[PDB]
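Visitor: Residue-level listing of the chains:
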Amino acid sequence: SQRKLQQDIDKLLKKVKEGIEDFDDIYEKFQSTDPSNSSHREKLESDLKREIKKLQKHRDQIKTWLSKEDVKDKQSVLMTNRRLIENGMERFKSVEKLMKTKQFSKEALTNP
Amino acid sequence: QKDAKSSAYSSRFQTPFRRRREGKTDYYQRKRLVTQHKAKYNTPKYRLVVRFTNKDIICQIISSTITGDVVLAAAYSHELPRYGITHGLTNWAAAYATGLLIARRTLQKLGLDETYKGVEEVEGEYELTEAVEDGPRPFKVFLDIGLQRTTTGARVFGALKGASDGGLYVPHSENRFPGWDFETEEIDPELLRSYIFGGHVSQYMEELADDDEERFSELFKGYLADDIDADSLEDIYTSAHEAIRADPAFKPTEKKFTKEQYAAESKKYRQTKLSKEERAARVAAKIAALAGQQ
Amino acid sequence: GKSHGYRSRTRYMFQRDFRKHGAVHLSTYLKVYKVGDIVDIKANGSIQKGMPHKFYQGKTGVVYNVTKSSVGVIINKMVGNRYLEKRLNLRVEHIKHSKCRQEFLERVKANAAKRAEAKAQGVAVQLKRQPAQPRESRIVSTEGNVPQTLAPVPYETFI
Amino acid sequence: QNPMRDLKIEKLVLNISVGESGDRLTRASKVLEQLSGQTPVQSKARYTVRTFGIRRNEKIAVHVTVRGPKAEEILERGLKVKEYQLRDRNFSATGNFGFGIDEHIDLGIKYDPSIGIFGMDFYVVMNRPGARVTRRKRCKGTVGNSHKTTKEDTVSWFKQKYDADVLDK
Amino acid sequence: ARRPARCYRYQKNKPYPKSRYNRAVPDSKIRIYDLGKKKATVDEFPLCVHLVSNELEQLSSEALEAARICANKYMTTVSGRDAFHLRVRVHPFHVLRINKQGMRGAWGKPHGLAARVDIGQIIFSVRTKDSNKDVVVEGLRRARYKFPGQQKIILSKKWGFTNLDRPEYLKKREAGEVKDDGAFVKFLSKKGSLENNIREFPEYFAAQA
RNA sequence: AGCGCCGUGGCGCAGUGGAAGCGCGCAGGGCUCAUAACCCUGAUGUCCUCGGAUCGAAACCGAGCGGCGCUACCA
RNA sequence: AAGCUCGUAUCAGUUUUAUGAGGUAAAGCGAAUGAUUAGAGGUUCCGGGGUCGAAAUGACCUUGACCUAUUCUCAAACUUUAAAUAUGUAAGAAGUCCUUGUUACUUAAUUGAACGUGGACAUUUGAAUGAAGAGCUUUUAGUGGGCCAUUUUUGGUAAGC
RNA sequence: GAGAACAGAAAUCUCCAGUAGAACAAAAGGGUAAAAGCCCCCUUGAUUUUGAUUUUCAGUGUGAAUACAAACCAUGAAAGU
RNA sequence: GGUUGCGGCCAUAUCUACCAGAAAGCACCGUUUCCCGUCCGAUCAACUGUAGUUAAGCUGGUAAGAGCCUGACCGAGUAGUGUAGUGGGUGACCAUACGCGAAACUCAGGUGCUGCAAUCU
Ligand SMILES: C[NH+](C)c1cc(NC(=O)CNC(C)(C)C)c(O)c2c1C[C@H]1C[C@H]3[C@H]([NH+](C)C)C(O)=C(C(N)=O)C(=O)[C@@]3(O)C(O)=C1C2=O
Ligand SMILES: C[NH+](C)c1cc(NC(=O)CNC(C)(C)C)c(O)c2c1C[C@H]1C[C@H]3[C@H]([NH+](C)C)C(O)=C(C(N)=O)C(=O)[C@@]3(O)C(O)=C1C2=O
Ligand SMILES: [Mg+2]
Ligand SMILES: [Mg+2]
Ligand SMILES: [Mg+2]
Ligand SMILES: [Mg+2]
Ligand SMILES: [Mg+2]
Ligand SMILES: [Mg+2]
Ligand SMILES: [Mg+2]
Ligand SMILES: [Mg+2]
Ligand SMILES: [Mg+2]
Ligand SMILES: [Mg+2]
Ligand SMILES: [Mg+2]
Ligand SMILES: [Mg+2]
Ligand SMILES: [Mg+2]
Ligand SMILES: [Mg+2]
Ligand SMILES: [Mg+2]
Ligand SMILES: [Mg+2]
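Which chain is which? The protein sequence lines are CN, LD, LT, LJ and LI, in order.
Under the entry's author numbering, residue 113 is the last one in the first sequence; the count climbs by one each step, no gaps.
Under the entry's author numbering, residue 297 is the last one in the second sequence; the count climbs by one each step, no gaps.
Under the entry's author numbering, residue 160 is the last one in the third sequence; the count climbs by one each step, no gaps.
Under the entry's author numbering, residue 174 is the last one in the fourth sequence; the count climbs by one each step, no gaps.
When you line the fifth sequence up against the entry's author numbering, it's residues 2 to 101, 113 to 221, in that order.
Some hints here could point you the wrong way.
Said to hold, decoys possible - A short, non-exhaustive set of chain LT residues, derived as facing chain LD with CB atoms under 7 angstroms:
#, residue
1, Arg20
2, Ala24
3, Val33
4, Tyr65
5, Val67
6, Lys69
Claimed, not checked - Ranges between beta-carbon positions, derived for each pair:
#, chain 1, residue 1, chain 2, residue 2, range
7, LJ, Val138, LD, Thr154, 46 to 52 angstroms
8, LD, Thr154, LJ, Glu38, 26 to 32 angstroms
9, LT, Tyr65, LD, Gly138, 33 to 39 angstroms
10, LD, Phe145, LJ, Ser97, 44 to 50 angstroms
11, LT, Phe19, LD, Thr275, 32 to 38 angstroms
12, LT, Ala125, LD, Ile61, 31 to 37 angstroms
13, LD, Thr154, LT, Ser9, 25 to 31 angstroms
14, LD, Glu237, LJ, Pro134, 35 to 41 angstroms
15, LJ, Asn95, LD, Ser269, 51 to 57 angstroms
16, LT, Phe19, LD, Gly225, 47 to 53 angstroms
17, LD, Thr154, LT, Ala114, 57 to 63 angstroms
Unchecked claim - Within a straight-line C-alpha distance of at most 30 angstroms, the following computed BS3-like cross-link-like pairs (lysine-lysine) qualify:
#, chain 1, residue 1, chain 2, residue 2
18, LT, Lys97, LD, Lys41
19, LJ, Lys13, LD, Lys224
20, LD, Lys41, LT, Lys3
21, LT, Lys21, LD, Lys34
22, LD, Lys43, LT, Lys32
23, LD, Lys48, LJ, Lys13
24, LJ, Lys142, LT, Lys21
25, LT, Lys60, LD, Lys34
26, LT, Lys100, LD, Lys34
27, LD, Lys112, LD, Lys27
If you are wondering where the hints come from, they were derived from the structure by calculation, not from laboratory data.
Backbone N, C-alpha and C define an ideal beta-carbon position, used for all residues, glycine too.
Can you make the complete structure from the sequences, with help from the hints?
Guide: See the structure below:
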């Protein structure tokens, strides 16, 4: 039923918002790690990786909803939460690549 | 070259119309020209057809009929030297004189000659032939250029200005006459008038006579043969204009060696077709010639 | 699921003829229709403006109104238990004259003529058409034509 | 016979395809300016190729068309830097021919240190008097079968003229 | 599986071929259509023998392949492989359908492929010499059993597969207007070009025997 | 049978039109008497197949292959 | 059912003559699109193999494609062509011809358009057959589950589906 | 198809053949070649006032469309649209 | 009757390969000051009809030409079809009666006609 559908909508909406909040908190603690604590750097990577994976599952559910499920009113808020999840994805990708890159690997030797 | 086209292609091929196939008419333009408002039922749409060959200017008044187009008046640049122009039959001055001649000829034929005198004080100014109150409306024709480009400063627009100054009501704008500077978006009456009496040909004559003698002689051997100096061009063109205003009547040629002699003696040179027995005789002769496995 | 559009089931109806595509010609542009005439409606697919419906394709009517580029045609159509009069606005590309009507005009001109000399010399008007009357007594010549005798052929298979 | 059906160079096309846009293409357009003495036209791509590094609607090449005595003298300088030997490939089947030169300082202007090296394509089309019948607007047509320059006609024009030679085939 | 030809026998539906509207159909089981010495000439094989239909029905691609196999096996075991040329003259282009709750949505999936045969239509053609008339007749008699309905052997008096009854074809050959192509012949027509007619039939345009 | 999901490196998985990565494995060097652990590096893909849209995709849209999960109720 | 206006040239579930329109059946594929069988002749500065080979815009053979001329079979959502049956219109008096009146429309224009005045036209008033009256209006009942047979035809193996 | 340095299967240029085998926003079917396609120039008629007509049809509505009339405009040399 | 301008029907007119074309007319052609348009006076614009050439265009003819068109008692009254039967046949389907009636195939013939005006040995 449409009422049950919209209830599940609002539930995943709230879960996405709280996930975005704690992902942003882990991100800002990462940027203020004090990078001498490399173990703390790696721990915050793994934590925001877990949170961004949860956001991956939520975003795939949003994909299926906007594709087939006849959301019928709230395509705006579904698309905005999709965009918030994807900018979180690219932030995670930049951070993850940044600590992946080895200081004398061929890519860093080609272009700084 | 092994690019011979297949029987299926030739069978599915739709040929164009005749005049399109020999590339002489635009049927889109012709349809929009000759389609009449159907609430008039009989009124032909008259076309001032203007055509330019390499050595002649053809200017006709044509109406459209189911059996084919019919003409009402014709004027020819090779008939202009009867009036006044023995040299320069495809210049913009001969185009203007031909348009003036066709306008005067068709109004004289129609009987609208006592009114709509035209201008008679040609000055290179753009005006439309206003309808005389309490009288017949001016004769309305539409310019048929055909296929040439509608660029500014064209001899077809010269014949247009010639018919307009004659007295034919052809609707037109002034943004195609020479001297229309688009930066200023007006017309140049002095430049138009100078080119009416052929100032361009004149200044070319004096520029060549100043600079290059061999070139001037080569391009104007006829002018030097007639001893026409470089500054009588306006005089001879004017005298041509009032000759047009004087006698706009079609005088045919003397027509020597008459039409039956033309049909009989001029051409026995068209090679006649053969018949079935002659074609079979040629086929059998070719079989006899190609007999054997050689 | 089910569609009834303006040009539904009009595929071969609004196709052009084979090797007759392209521009339509100036004969059907220059023919003149006056008020009260009788015309045949057959749509031309190249001109999309002013097309008739598929019902009026191949339909004969009376033109009652003429305007700038179109004519108005009166068509009687059967809906229910009555005929309804329909006023179509059709372009002259889709409108064509009636050769039956022109043949009626040549017949009435011929009839007026025939009654004129019939009155001039005073016998045998006989204007109205008669149907195909039974054939009359004739004589056939056997001279040069002896009747050759025919028989049914036997059954031979050709395959 | 040969009244006035004599082969003449219709036009000569100078084409430089730099492959990218900006500084190099501007300098190549400049090269065409001092070579031809005539404004060049910049040709645009048609679609994207990943390997070529080109993009659709991105200005790729630049060419000039010259005609007459200027085309003749540019053609003479091109044959002089090609040492008057051309290939039977290098002579197309519709009679038109062409070649390609590298390091254009071999003819004409010096290097002009702000411009650079630009190799370039010479292509030359040959026509007999009377190609207006297929190029004009009113009453178009196609040239006859004793026309349409062939490979044989052009190769002979280049051998009768210019004292030039060809290769194996 | 394997529903009978008795329920796929008559022509009840419109022809339903493989097209862009009907995809994912199974392939036919008959893949070879000519058999024996298929590179022979009509010079070599004068007598034609036709297995023709008498009923407006549908022939399975299975029935075609089974009849072709049994006929082939009989002629090769009796008269050898090069003594005949057998061509099957019907191609299975009919996608038969199978239904496989209730009659709701009853439009069925593709199941087969059938040759719709008309009355008087050739099913099998065998061209052979004049001495093998017996063996080609009994091979086509085996073919008549694997094929449903009523069929006939007609001794076709056309020279080979082509056309043109035997005296007419003999006259054409001795006139020389017949050229031997691969497994067929080309004919001289009086409508072509003289030059290419000369270079393709030299014997008619010469005084040869 | 219907519906839905999944198919990406050797394995488990991410991946949004400018376009292929994570971890463990694998390879080379180092450290060690030696092997793990550790340090410095490198390589790795028919993106299930086929076709299409697009200037272009693994992504978009369609056909099949393979593997899962849900429903199959009232008598 | 009540009728009403006329019985005064009106209409036919019909035919003929004339003129249209159609894209089904059939037919066709050495005609376009798509499918499809088999050989033949060729072409590789340009598919994959081998051989003579150092290779060669070299050579020989094998197999794939591309072209040419043929061949076998097909198409509800292919088609050049194209029926039969059904289908529109016309067969006049509200018609035709001649002359000249209106207009603010139209034409270069007493030029046309539409409507007219006044004359002419008949033996049949312009094919056949039949008319049982023709036309018109108002009001209201019941019905709005259908089924069968020939023929055409869709789904289904089929069905008293 | 035949050619031209890098440049090859595909970059750009040139010629020839090319009845449309391309393109026309999208489904499919029609239509279109000096165009209805591609490029360029100018524009806002995708405007105002209500009527008549066609399709669906009860000859109701909605939607869509057609042909005009009265204006005001755009474009074009103009007919026109 | 040829040619030109404007056309009607729109292949009997198209396509391929050759040959011919007196006169005139078209055409190719010669030139860049002006109006004008281009990367390029090639197209377009303007000027001259002069320097020349029928080489092309165009026109006509030829080809057991392709195609297209017309006709046939050529196929064929065949396929198909309207109506009828307490006709046949298990059926599929098929004959008959009264009517209509093709297409491909084959063969034969043909390869633009014409209107208004102007001009031409
Ligand atoms: C022969 N008569 C009985 C007749 C019959 C019909 N209609 C029919 O044919 C019958 N209609 C059927 C076929 C039954 C449906 C008719 O329709 C007529 C007439 C009579 C005419 C008489 C006409 C006449 N003039 C002018 C010729 C006349 O004297 C007058 C008058 N000046 O008043 C008329 O009334 C007259 O014009 C007339 O009305 C007649 C008919 O209409
Ligand atoms: C076809 N016949 C039957 C006929 C029909 C109509 N009516 C119509 O067709 C009406 N037109 C419609 C269909 C309404 C538009 C008719 O109106 C007439 C006629 C006949 C004529 C006969 C004339 C004749 N005159 C010329 C001598 C005649 O015999 C007489 C007479 N003296 O009795 C007439 O009545 C006659 O003059 C006449 O009036 C006829 C008609 O009016
Ligand atoms: Mg135009
Ligand atoms: Mg049609
Ligand atoms: Mg529209
Ligand atoms: Mg290691
Ligand atoms: Mg170790
Ligand atoms: Mg009365
Ligand atoms: Mg009829
Ligand atoms: Mg249909
Ligand atoms: Mg059929
Ligand atoms: Mg057919
Ligand atoms: Mg086909
Ligand atoms: Mg009366
Ligand atoms: Mg009721
Ligand atoms: Mg009711
Ligand atoms: Mg246009
Ligand atoms: Mg409505």
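Visitor: For each hint, tell me whether it holds in the structure or not.
Guide: Hints, one by one, checked against the model:
1. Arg20: holds, 4 angstroms
2. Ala24: Interface hint status for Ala24/LT: holds (5 angstroms vs cutoff 7 angstroms).
3. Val33: holds, 5 angstroms
4. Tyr65: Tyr65/LT check fails; min Cβ-Cβ to chain LD is 13 angstroms, beyond 7 angstroms.
5. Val67: holds, 5 angstroms
6. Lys69: holds, 5 angstroms
7. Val138/LJ - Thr154/LD: 46 to 52 angstroms: violated, 22 angstroms
8. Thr154/LD - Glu38/LJ: 26 to 32 angstroms: Holds, since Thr154/LD and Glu38/LJ (Cβ atoms, about 28 angstroms apart) stay within the stated range.
9. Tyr65/LT - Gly138/LD: 33 to 39 angstroms: holds, 36 angstroms
10. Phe145/LD - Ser97/LJ: 44 to 50 angstroms: Since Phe145/LD and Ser97/LJ have Cβ atoms about 48 angstroms apart, the given range 44 to 50 angstroms holds.
11. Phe19/LT - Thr275/LD: 32 to 38 angstroms: With a Cβ separation near 36 angstroms, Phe19/LT and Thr275/LD satisfy 32 to 38 angstroms, so the hint holds.
12. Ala125/LT - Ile61/LD: 31 to 37 angstroms: Given a distance of about 59 angstroms, which is not inside 31 to 37 angstroms, the answer is violated.
13. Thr154/LD - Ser9/LT: 25 to 31 angstroms: violated, 49 angstroms
14. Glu237/LD - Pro134/LJ: 35 to 41 angstroms: Holds, at about 38 angstroms.
15. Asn95/LJ - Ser269/LD: 51 to 57 angstroms: Because 53 angstroms falls inside the window, the suggested range holds.
16. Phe19/LT - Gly225/LD: 47 to 53 angstroms: violated, 58 angstroms
17. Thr154/LD - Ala114/LT: 57 to 63 angstroms: Given about 60 angstroms between the Cβ atoms, the range holds.
18. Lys97/LT - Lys41/LD: Status holds; Cα separation ~14 angstroms.
19. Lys13/LJ - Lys224/LD: Since the Cα atoms of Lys13/LJ and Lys224/LD sit roughly 29 angstroms apart, the hinted pair holds (cutoff 30 angstroms).
20. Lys41/LD - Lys3/LT: Not satisfied, since the Cα-Cα distance of roughly 41 angstroms exceeds 30 angstroms.
21. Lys21/LT - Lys34/LD: Holds - the C-alpha atoms of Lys34/LD and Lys21/LT are around 18 angstroms apart, at most 30 angstroms.
22. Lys43/LD - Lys32/LT: Distance ~12 angstroms between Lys43/LD and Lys32/LT Cα, so the pair holds.
23. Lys48/LD - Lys13/LJ: violated, 48 angstroms
24. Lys142/LJ - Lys21/LT: holds, 26 angstroms
25. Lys60/LT - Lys34/LD: holds, 26 angstroms
26. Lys100/LT - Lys34/LD: Holds, at about 25 angstroms.
27. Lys112/LD - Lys27/LD: holds, 29 angstroms
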